[PDB]
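In case you want the letters, here they are:
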Amino acid sequence: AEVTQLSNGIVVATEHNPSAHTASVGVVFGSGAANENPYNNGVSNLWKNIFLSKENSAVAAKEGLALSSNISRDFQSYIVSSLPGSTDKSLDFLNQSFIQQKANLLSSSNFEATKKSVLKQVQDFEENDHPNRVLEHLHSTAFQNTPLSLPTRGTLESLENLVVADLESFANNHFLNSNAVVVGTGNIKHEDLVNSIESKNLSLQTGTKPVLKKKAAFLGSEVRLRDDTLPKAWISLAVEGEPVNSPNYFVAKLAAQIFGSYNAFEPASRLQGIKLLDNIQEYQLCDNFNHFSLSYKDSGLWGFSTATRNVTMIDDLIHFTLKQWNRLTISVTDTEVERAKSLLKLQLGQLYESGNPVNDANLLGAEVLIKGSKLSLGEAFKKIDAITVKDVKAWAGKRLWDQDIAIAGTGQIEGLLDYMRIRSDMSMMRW
Amino acid sequence: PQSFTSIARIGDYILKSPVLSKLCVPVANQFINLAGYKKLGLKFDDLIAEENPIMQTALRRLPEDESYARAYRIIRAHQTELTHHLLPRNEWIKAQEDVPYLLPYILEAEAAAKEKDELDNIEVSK
Amino acid sequence: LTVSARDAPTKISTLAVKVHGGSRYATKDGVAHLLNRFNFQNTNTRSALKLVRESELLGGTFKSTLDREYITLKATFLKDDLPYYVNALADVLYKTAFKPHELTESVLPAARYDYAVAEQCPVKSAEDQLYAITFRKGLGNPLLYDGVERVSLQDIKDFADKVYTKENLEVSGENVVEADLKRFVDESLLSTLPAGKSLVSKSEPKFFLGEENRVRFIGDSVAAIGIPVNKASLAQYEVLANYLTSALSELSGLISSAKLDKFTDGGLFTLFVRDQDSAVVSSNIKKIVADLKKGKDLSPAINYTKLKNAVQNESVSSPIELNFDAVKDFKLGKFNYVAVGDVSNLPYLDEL
Amino acid sequence: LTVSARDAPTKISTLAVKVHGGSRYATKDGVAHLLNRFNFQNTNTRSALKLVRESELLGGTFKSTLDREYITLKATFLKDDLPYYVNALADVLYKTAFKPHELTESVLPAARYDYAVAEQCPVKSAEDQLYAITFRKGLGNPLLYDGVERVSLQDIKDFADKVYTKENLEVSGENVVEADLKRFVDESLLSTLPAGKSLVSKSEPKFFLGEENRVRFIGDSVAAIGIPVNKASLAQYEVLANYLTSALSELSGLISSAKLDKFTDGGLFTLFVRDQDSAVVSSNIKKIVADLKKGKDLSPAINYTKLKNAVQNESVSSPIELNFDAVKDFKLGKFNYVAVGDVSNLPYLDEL
Amino acid sequence: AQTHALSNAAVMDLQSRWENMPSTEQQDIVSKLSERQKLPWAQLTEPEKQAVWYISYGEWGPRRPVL
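Heads up: the protein sequence lines correspond to chains L, R, M, B and q, in order. For the entry's author numbering, add 26 to where a residue sits in the first sequence, where the first one is 1. For the entry's author numbering, add 1 to where a residue sits in the second sequence, where the first one is 1. For the entry's author numbering, add 16 to where a residue sits in the third sequence, where the first one is 1. For the entry's author numbering, add 16 to where a residue sits in the fourth sequence, where the first one is 1. For the entry's author numbering, add 20 to where a residue sits in the fifth sequence, where the first one is 1.
One thing to keep in mind: the hints can contain errors.
To be verified - Once the Cα atoms are required to be at most 25 angstroms apart in a straight line, the calculated SDA-like pairs of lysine to any residue come out as:
(1) q:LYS58 - L:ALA191
(2) B:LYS27 - B:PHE78
(3) M:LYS140 - L:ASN289
(4) B:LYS302 - M:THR43
Said to hold, decoys possible - Just a sample of chain M residues kept apart from chain B, beta carbon distances all over 12 angstroms, derived:
(5) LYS198
(6) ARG199
(7) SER333
Stated by the list, open to error - Okay, the calculated bits of chain M under chain L, using three or more residues with CB under 8 angstroms as the criterion:
(8) 23-30
(9) 52-65
(10) 87-99
(11) 257-268
If you're looking for bench data, these hints aren't it; they were derived computationally from the structure. By construction, the Cβ of each residue, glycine as well, lies at the ideal position given by its N, Cα and C atoms.
Extracted from the complex, chain L is given alone in its bound form:
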């Protein structure tokens, strides 16, 4: 359904959809925040926020274009939403504003204003957004002293060393033709986008990007960011999960869906088909949990992230969640797997084919940057339907059963016991 073609310097990937009323043209680079040091960290975030500058966005809004960017760990995108008949203007803006004439966004008193903006923004993140910085500290300890631990937001003390030379060095090292995929979603045809890229000479640069000397290695550890003036106690907890283009990728997503997510105040999330709720609903152990399967190019995390005000019964919540995790290795039933297949099919169908062509562009650029081709959703649903109970048990015995966990928590986590007592729950004594 989607067409990818490698033109003479650059990779053009389009996903046409003639039912849509917008069209997004962008370029996705394959250097997210895993291509940083711990000292220039946040320079991808500064590049995002100077692509979304006021001086730069006024030029788009006069033409009728919308600017959207996104910073992930592997990739980063710079996508320009427009109307379907106005995509030559999108390519002209993406060419002039961001690729060629790059030294006008990087003027002083635009760099200074944006640096103050993301300093305020990252500090506002670090003081107020507690589940997401707990996932960030989970990455920072699960992958410590390795590329995949650097926060995509950037720290407050590495964003204060940053000058214009650092953004220029990140640009000349990572914004390359062998590193980019120019992406078109919405209702633009594949011949149309590649013709408009062959028409105006669209070249980023010619180099090859710096190879990271160390691959991402999971180190079982914990960080314990306790703060007793906070009302809840947020805690993420995860094992090393499967990377992208693993064979056990969809099995990892399925096993994340076996225990699903939860909201204790939505009365239809109470009635779900998860056996963990029979434990955690009686004394109201938590307010919400959600099991994720984060997959990156090198490694990834499989775990669950939760929040609770029942700060004296954290150990029952952790114990019951992990004794439910052992059931994947030993006694996962069939209807749990069929329920997880139906719900993972619904989740993946809502995720990939939603209404927004920006999110489709980010997903398309990531999947054809890492794999070189985007897997369609029919083949993905065939792969999900191929998963049996023995596949889930074998993946759980490989990845979950008696393996090193990574924990992270802030708030009132005095009720959280130490590492060895929690890691003793990853394997039971066969009862």
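Given the structure of chain L, go ahead and fit chains R, M, B and q onto it with the hints provided.
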């Protein structure tokens, strides 16, 4: 068990006298250096046993930055003595850093409790 | 009973039954919120637990949504099992149990959580105050239930009988074959629903201008203006909202939010300025009101708001199909003003 | 430093130091309430426990009352120990401790209790609303601290240094030998207080008319009208308040309360109609405003209001000595209106 | 010669992170430092001097000891 007002009274008498100061102050300085609580990162007002309502009152009345710093020094001393080492020599509490920070709060709560007891046991002169 | 669908070669279908039964038609304050929370509870045949645990194996979820005007009962699912969800939405609309233990255990704790969530945000409180002082008893009803008037179970049942009627709702399915959808809406309970009148009034909703309200709030301080707009002047305030949101406007740093709410008979342009200290909010909204009373040229924002309205409009089921071509100039006339927060340091209406 | 006393042949004297330092003169919201709750705490010399446990054995108590204008420090005692209480009020005014552990342990919980109690009553909520929309930043300050703006300990010390000044207070002793009181107020710390300026302005408080506020409240429903009045028109609204409270009116069965708050530069006449269900409040206050806009003969209530004014006026130390003789007729003009409670069924200002 | 200074994001703590810097960033830092060398050596900042010294004589590569 010994009231802090009494320790302040005897110590102020020793410090205000010129002979007792120059005789007993170096003995106390060498006593504090031999006591070795500074090698664990503790100031002395972390060492006072808090399990009494005067000390609970003073610790409730401590301002928050001193409370967080005292919490870190206590946890750091617990981890240091767990590992059966000391802190490195740049992490030792300096002499000018070892200020009595809990002492005005202890002495004020002590004076309040002594005045409350004295008014509990008065005899009106009639 | 107006059924529509828009087919597509994808895998996920979303059915949506939209009833004109939101807070605007609420007889008591918050009875629409209690019915919206009462929607996907147990029926007379299938329980609420059996609905979730059957539809999870079939592969779809449910979501009842309360608007200012609509109650939207939405079902998102795998495409090849449409009639289960048509019959499920039919059972929800036709035969709900309405048990007192269901009121006191799930619906009222859920509504208390919803009111607590909306109470902690001062912008939602300012928007509800702005609605209640622009429109008094029509669209300015309370959105959520708070309990300032006792809404009993028979009130929720009577509102269900008033609202779930056959000329009051409209079935719309994104990524649904329309022939099979129109066949499956019949031979169901939507054809057995009563044919009550449509509650949509086609007249102008009788606004009031020059009103001001002040709420003391512990937290952030917002000051908000609100302009009731008619049907003819909907497009100009649409391009004004996307103008002040956009980077074309010098007021974009000062404005926390600016949006036009749209209905079939009018609308409300809301502008919110939110900060932590009240001197910042005072200086900001004085500058907004002054530089808007001085006229603005909204001709730059036309091509931008076409795209923004298209992005917003592909999600909804009934587009209004605005013009945006005859909009040239704006000049702020009369407007309603609310001030939530540190309310002794925020400006009043005559100081703007 | 105005010392006055009215001697009597009885056993109990009361001393009252009245500062012009109530909520009207508050710089932030609620500093006056926090200073009032900080009044009889410990000093630099005598503790607060020693104060109570000495004054009980001597035979008198203390009480600090916060008004809309004053802060009254009252002290009630057996007659033959007046210099103790003069020196105790002197110590409280001159040297209070203002300790941070006293702010967190006593003053803030006592003020939170006062605010919770006055929050539970919708009549005091409506009275505060009626003040705050008649006059805005002067008398329409909040009476009590609620925490919508951060009042710190240093702000209470600043407000106390501003307010506790020698030309700002007045010493008044009911049943006190006045020459002895003047000898005991001198040779004390009242004479060593700073001779600052008096905060009493002699101008009119810049009122506003036709304003309307609406506060949602779970419980009873009150609707309140309120008229700011000037110095020439104080007696008429006095005889009006005692007319509508009295049994001469036909509206006394409908009116929950009606009182005139007098000040040295004006007043506010506040009429509250309170009931459980909002339809009774609506019918009652529509009848009140209609039969007040139609004129009333306030001539019969004149001898009755001389009695009730003498009753109310013997307690206070500062009589205003109104006329009550030229008052004949009343007709309701413009007025400010607040509605608290079931606020979607209490009427608005247009419907009155 | 060159521009103002090597940034602290690209030169500070060069001892801890020389052997993990990729060879391209090593070569680019070495090139910019060699361009900074021709300026009068008062104008070099202290992390620049530490980076130049560790690049030439640090205990990496050929100066790595036996054990």
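We went through each hint and held it up to the structure:
Taking the CA atoms of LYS58 of chain q and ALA191 of chain L, the gap is about 20 angstroms. The hint holds against a cut of 25 angstroms. Between the alpha carbons of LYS27 of chain B and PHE78 of chain B the distance comes to roughly 17 angstroms, so the proposed pair stays at or under 25 angstroms and holds. Distance check on the hinted pair: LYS140 of chain M and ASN289 of chain L sit about 22 angstroms apart at the alpha-carbon level, within 25 angstroms; holds. For the hint linking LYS302 of chain B to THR43 of chain M, the alpha-carbon distance of about 23 angstroms falls within 25 angstroms, and the restraint holds.
At roughly 40 angstroms from the closest C-beta of chain B, the C-beta of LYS198 of chain M stays outside 12 angstroms, upholding its exclusion from the interface. Every C-beta of chain B lies more than 12 angstroms from that of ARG199 of chain M, the closest at about 44 angstroms, which supports listing it as non-interface. With 12 angstroms as the threshold on Cβ separation, the claim that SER333 of chain M sits away from chain B holds: the shortest Cβ distance comes to roughly 30 angstroms. Given a C-beta distance limit of less than 8 angstroms, the hint that chain L covers the region 23-30 of chain M holds, as 4 residues qualify and 3 suffice.
Three residues within the 8 angstroms Cβ limit are the bar, and the region 52-65 of chain M against chain L gives 5, so the coverage statement holds. Counting residues of the region 87-99 of chain M whose beta carbon lies closer than 8 angstroms to any beta carbon of chain L gives 3, which reaches the threshold of three, so the coverage claim holds. With 4 residues bearing a CB less than 8 angstroms from a CB of chain L, the region 257-268 of chain M meets the requirement of three and the coverage assertion stands.
Every hint from the earlier list agrees with this structure, and none is contradicted.
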